Amino acid sequence: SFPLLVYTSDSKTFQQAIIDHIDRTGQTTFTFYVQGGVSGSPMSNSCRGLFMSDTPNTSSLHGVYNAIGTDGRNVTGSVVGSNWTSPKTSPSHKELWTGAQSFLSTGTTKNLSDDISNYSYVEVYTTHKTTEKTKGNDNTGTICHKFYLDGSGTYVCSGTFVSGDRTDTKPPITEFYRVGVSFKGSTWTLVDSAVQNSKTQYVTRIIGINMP
Amino acid sequence: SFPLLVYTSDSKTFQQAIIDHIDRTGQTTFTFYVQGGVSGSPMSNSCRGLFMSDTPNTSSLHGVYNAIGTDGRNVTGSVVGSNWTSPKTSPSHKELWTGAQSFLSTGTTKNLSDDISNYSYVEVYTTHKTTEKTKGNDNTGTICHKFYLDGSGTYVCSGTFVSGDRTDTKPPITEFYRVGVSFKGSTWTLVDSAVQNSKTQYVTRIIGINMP
Amino acid sequence: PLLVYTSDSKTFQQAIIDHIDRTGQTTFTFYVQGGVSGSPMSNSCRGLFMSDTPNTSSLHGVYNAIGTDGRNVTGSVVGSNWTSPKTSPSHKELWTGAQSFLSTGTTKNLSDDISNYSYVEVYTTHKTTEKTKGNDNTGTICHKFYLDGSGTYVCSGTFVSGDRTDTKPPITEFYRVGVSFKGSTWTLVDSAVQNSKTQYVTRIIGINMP
Ligand code: NA
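Chains as they are written, first to last, in the deposited numbering: chain A, 247 to 458; chain B, 247 to 458; chain C, 249 to 458.
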């Protein structure tokens, strides 16, 4: 078979290209190539994809499409009685590092499983023990700090915890924490930290994120 | 290739429709339409998509599907023997604004690239300079604040930073920050803020999010 | 039509190249067994490859694959530069409602077992101590966790509020709510509120990032 090919030099929207293909061929399910720059395309860069429908009625078209771009981004969309919905772009991720680096291990570098330049955002996870126990537990779970990668020398994960069981004599206590990290190529470094108690705090996971 | 059509009126689950279809037709790769409200459908709204199996053996079915909603929501799923996995529903996003609005620019309105009513969640990104430098630098990177859009007049991005290098006698210092933002149609406003140094802090990105 | 097994001792990328070279097919479906070097995912998958031409020494193409657990990966090759595979996340809303921070020791149901997720987003909805420019609302704030087996997932933060005057700076407050999960349930375990206004947990979304 012959997938639908849509060029900018055709001077035809994506939507009219799909209509014309279905008029000409009667196909309801088929693949397609759309050159980057085609008006109404699921995306800006070139893409390929799959159009799915069951009735080739181009006056009231009902169908969906699933397209992938040159950077791997996934875009899905629909047409409902010949009205085209806004294409939906998915995010993606890759787990780059997991382990347990004490906040006290400043100036230490570890590897990422891919280069940080393949990501626009990142999630850095930290795992804490609060100054005091609250209902017998000082553990916090593992907390996400999400950043946009803006070229900073330091990505700063800084926050606070309340902990302790209130008595009439002693309210809960408050504490501040920080860990700063940096990225370079396929590596990351724990640059700085501040801890307000004697317990060990860790960086435990780094996840690369794309939101194309 | 015959399409599978599944209506609520059929009193048949999505999974049984699939089984029945492959038993009736012998076809192991086909497209489908599943009316909104069908039991065990990949999503609650109406969808269309592709089922792909290894063989027409419905007693040990091995296969995948992609289903896309009337609003372009994307779901993938699988079958292993008589065990259907839960549907994996994808999120989507759109960048609505990027720039660099100072926290001190309260009352100022800027444009979004899409109407906020098209999103259920939103990420607001802020970019800071802490009061003191830490290991040679006061930048924080660009920090995400994610909200569910609940109709509030103000979405509040408020946190703390630790900054400065500890000496033998002087600890790091702490600061608080706040920026509050609002959304209306295809616009946003920087409503209020609190900064505790003379350095400039910015709102830099707004990303609309759907988690259908 | 393309089947790749760990026993073939070839990478996903070389298997695609071989398939195109052998058959001249540029669009085809595939099965890749869990463990194949360079596969879009670590578990077994099935999907669709689409390429521009059969020039395998400068391949331009894309793929969409689905794993045995339903995970979805998409990717591309541009002039035989294979770009990092783009793994989608997934989610399920597990609970929505309005549970006061003061309702400690209370349990509610989730729509699915927490063991089916690796991450969770817990949403909290606040009223700050003071009104700021006429309003003490915060919106509904996400706290995302990796589910590490902790007995408490601690949502804790601060708010500045109040209108600055000559006399009276803005005020600061700390808050905390701790939650736990067991099977298809969650419990509001502990809290700290520094005013008399009602604070809520409002949403719990289960998240997978395979
Ligand atoms: Na996706």
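Warning: the hint list may mix true and false statements.
Stated by the list, open to error - Selected chain C positions facing chain A (Cβ under 7 Å, derived; list incomplete):
no., residue
1, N303
2, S306
3, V310
4, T322
5, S404
6, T406
The set of hints was computed from the structure by calculation and includes no laboratory data. Positions of the beta carbon are idealized from the N, C-alpha and C atoms, including for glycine.
The hints, checked one at a time:
Because the smallest distance between the Cβ of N303(C) and any Cβ of chain A comes to about 15 Å, over 7 Å, the interface hint for this residue is violated. Look at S306(C): its Cβ only gets to about 14 Å from chain A, farther than 7 Å, so that hint breaks. With its C-beta approaching chain A no nearer than about 4 Å, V310(C) sits inside the 7 Å limit, and its interface hint holds. Residue-level restraint check for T322(C) holds (minimum Cβ-Cβ distance to chain A is 4 Å; threshold 7 Å).
Taking 7 Å as the C-beta cut-off, the interface hint given for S404(C) holds, the closest approach to chain A being about 5 Å. Annotation: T406(C) was flagged as interfacial toward chain A, and the flag holds, the nearest CB pair being 6 Å apart, inside 7 Å.
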